[PDB]
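All protein chains but one are shown at their positions in the complex.
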Amino acid sequence: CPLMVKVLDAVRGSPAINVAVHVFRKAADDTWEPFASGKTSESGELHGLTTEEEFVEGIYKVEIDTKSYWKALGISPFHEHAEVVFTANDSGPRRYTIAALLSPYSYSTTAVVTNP
Amino acid sequence: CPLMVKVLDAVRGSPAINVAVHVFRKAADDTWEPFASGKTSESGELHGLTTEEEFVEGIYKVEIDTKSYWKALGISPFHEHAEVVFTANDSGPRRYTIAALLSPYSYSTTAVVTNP
Amino acid sequence: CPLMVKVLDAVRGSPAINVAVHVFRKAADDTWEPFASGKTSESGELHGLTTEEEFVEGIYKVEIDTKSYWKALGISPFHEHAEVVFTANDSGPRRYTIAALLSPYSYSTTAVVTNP
Partner (left out) sequence: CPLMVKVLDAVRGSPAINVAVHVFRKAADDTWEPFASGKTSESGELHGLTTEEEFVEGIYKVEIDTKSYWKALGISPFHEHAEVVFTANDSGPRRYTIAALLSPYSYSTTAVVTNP
């Protein structure tokens, strides 16, 4: 796991379960190419998006589909998604955990980056 | 004037209105002595807590009574209150705004320290 | 007037001054069309981005150029920018303040939606 996504619900104090996550990588023509996707587990975590081989240098966007998550709980939230955009691996491979804490009208995101 | 408190509600996307706020100063015997208090306004703000003359260097605690705010909304909260504890410094900027962003199981707090 | 942006620096406890901010609207072909932009003031605020007349319902993106802000400070940051993506609604309150709290490896964003 060079890339993990962890999502928490700040209203319930719980993992945010079954939240859709789409990862994109900026292509040579400046467009966002689909890179990987998945859903968070019971623990609010999404493992296995990629491999150290596949996860090369680049600019990556992690789009967490928070609006669908709130709507299913009966809540009409402000944001369409939480986006996280960053350059990865530009000094060598690292392991990235992208953490998102969700409320209906706010979210935070935090990266924890470790040298493998 | 030298100390303002501002409180926002991350669930409703609004000022947190009618939130009790208690300020204490630490006494020489290490106890907390009541110093000032009030309730946030319609804009989620509490002004007028103290004066330049009274707000001398020392250790202060700002308690924000968050549990009663969520209970009034019928939302089950985790914390009894949010506490913000700091040392007032004369060398720095002259105005302290303590901002607090509230969710039922999370809060953040940020000090913005400026020259007025 | 209907859309304000406010940015704070959690490392220095200050407004984040001179931060570029770009607003886009989503077009019918699903692309992002430039809509408005500016730089935060000394108070970390950006006013005057749009008018009531122009700010019709639709999907908007607010990009806050955080990486250039940290680089100017000599602090190595994680994100390229902070994006805030939302649907403007006429049924709700009439003013949207997008607040962003910045740290090098984390940010939060909160929408405060009020009647002016």
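Each chain carries a letter (A, B and C) given by its place in the written order, and its residues are counted from 1.
What we mean here is this: a contact is a pair of C-beta atoms (placed from the backbone, for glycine too) under 8 Å apart; a residue touches a chain by one contact, two chains touch by 3 or more.
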* Decide which residue listed in C:10, C:98 or C:100 touches the omitted chain of the complex. => C:10
* To do: Tell me which residue among B:16, B:49 or B:84 touches the hidden chain in the full complex.
  => B:84
* Considering the entire assembly, which residues of chain A contact the chain that has been omitted? -> 8, 10, 13-15, 101, 108, 110-114
* Asked: Residues on chain C that touch the omitted chain in the whole complex?
  -> 9-14, 75, 78, 101, 103-106, 108
* Touching residues on chain B - with respect to the absent chain -> 59, 78-81, 83-87, 101, 105-113
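By our rule, only the chains that are shown with their structure count from here on.
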* Asked: Using CA atom averages as chain centres, what separation in Å is found between chain A and chain B?
  -> 33
* Between chain C and chain B, distance of the C-alpha-averaged centres to the nearest whole Å -> 25
* To do: Determine the centre-to-centre distance between chain A and chain C, using the mean Cα coordinates as centres, and give it in whole Å.
  => 20
* chain C: positions in contact with at least two other chains -> 101, 108, 110-113
